[PDB]
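To start, the structure under review is shown below, and the notes come after it.
What you see is the complex with one protein chain gone and the rest in place.
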């Protein structure tokens, strides 16, 4: 499973 | 509630009458759900993550219930590996990171 869910806005 | 981080901070959310599992994610600016159908107007956006970028559809003023808190805000829909509750909605439920 992936495990790093960093997310950045546009 | 107080949630430990020994395991992933997964909660049940309710959106459009669907129950889903989602991750409480202080590392996400925005809330991103796996591909699904939402009603109404949307705009395309590009978001970034650890591996690169993905295309999403942005829907505004969407109601969601998260751990018994009703929130109303922006939801991005696209090929995320897990449903993510980001800071835009974590702030609406009054969530803080305490240590």
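Which chain is which? They are A and B, in the order written, and residues in each are numbered from 1.
Throughout what follows, a residue touches a chain if its C-beta (ideal position, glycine included) is under 8 Å from a C-beta of that chain, and two chains touch if they have at least 3 such contacts.
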Using the document's definition of touch, tell me which of B:15, B:24 or B:62 contacts the absent chain. B:24
Across the whole complex, list the residues on subunit A that are touched by the chain not included here. 1-8
To test your reading of the contact rule: which positions on subunit B touch the chain that is missing from view? 1-6, 8-9, 23-29, 32, 47-54, 67, 69, 80-81, 84, 87, 90-91, 93-99
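Criterion: only the chains that are shown with their structure count from here on.
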Whole-Å gap separating subunit A and subunit B, where each centre is the average of the chain's CA atoms: 12
